[PDB]
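Working notes, beginning with the structure itself.
Rest of the complex left out; these chains stay put.
Each chain gets a letter, A, B and C, in the order it is written, and its residues are counted from 1.
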């Protein structure tokens, strides 16, 4: 099964894989900034743009998953199951939601083409050895 | 925060909350029908309508959840914990995902207006107690069948 | 006084008398649908129709009643008295508010004339003895079937 939501937006999973793991901000920060900056748009009952529709469903799923995590932590009996599962819910799938939400927020704030250019720039910058590339990573901003 | 995902489409969780279980086909069946019918449309790099994007996001979420469930099943040793968590996932979250997918298919195949009208009619029908409620449930389907 | 809110809409308490008690559904099933179907209209500052104004007044009155019920549950110690009072207010006047909400909601959604037609049809249906009446009791539905 090969399904790619970024395909409609012009990007692809492997292209997004150029960016390495675990440098993203915490998903909680992403939610906080989106609320502080996109509170009105999300609450609107009209499809203001394609990105809002996906982000809404992603946020709902993230909330339900966090509720599942807290409920299992509060109700399961043994310590091994509880710590293993609560650590698991924030291990790999959390990275998935984190990267998806980062992509949607960045594209909404700047634009898909700018995000693709930043992706390619980061890929070229990271591919080279550290001994030659500059010590400042590319920064997404206007 | 507080967001109603169905609100963009005009419906609400409370409106669908009238819908009881046993009028939603199983999630696996929704996957089967969606993959069989709308595969070319879904895989397209053009967003033809918000329904497709929402459906795709739900499909990804459900697939990830099933991956989580099988991963837990492979490793957990305590039968009670693993069976309890898998049942929880299949009954609580499964209900929500199944409701959403059914709503998306119904809206896409039958149209927005028809689905909302049928939902209001069903809500009116379900509230009346059995003593005065007609026994023939309203059913809308693509079949010219009586 | 002898004042009937239904009297100026064309309906009447005696006319609504056809529907027997226990027919109307739970109040919460009225509140949830009213909210999730006319939230903006109720919250809007425009009195489009008297139905909305009556529904707003009923909402406030019922909320006040429930606040009083929670108060008496929270403060008083006499258990039998509090149970009797909450039961009385929840069952007796609750029925009146419930039918009020049902009437206005149906009139708004389907039309007052259709509501009156449905009332007379239900009266005809219910008066007939069980031995001859069909099981298909009349029901309004913007949907065909």
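Convention: a residue touches a chain if its C-beta (ideal position, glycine included) is under 8 Å from a C-beta of that chain, and two chains touch if they have at least 3 such contacts.
Identical protein chains form the entire complex, numbering 12 copies in the structure file, with 3 of these shown.
Heads up, the rule we're going with is that only the chains that are shown with their structure count from here on.
Taken pairwise by the contact criterion, the protein chains link up end to end in a single open path, with no chain closing the loop. Once the centre of each chain is set as its mean CA position, subunit B and subunit C turn out to be 31 Å apart.
Look at where the CA atoms of subunit A average out and do the same for subunit B: the two points lie 25 Å apart. Centre-to-centre, using mean CA coordinates, subunit A is 48 Å away from subunit C.
Of all residues in subunit B, none touches two or more other chains. Per the touch definition, subunit A reaches subunit B in the complex via residues 1, 3, 5, 7-8, 10, 35, 39, 42-47, 50, 53-54, 56-61, 64-65, 68, 71-72, 76-78, 80-81, 84-85, 88-89, 93, 96. In the complex of the two chains, the subunit B residues touching subunit C come out as 12-15, 17-18, 117-118, 120-121, 123-125, 127-129, 132-136, 138-140. Within the complex, the subunit C residues that touch subunit B are 22-23, 25-26, 29, 32-33, 35-37, 109, 135-137, 139-143, 145.
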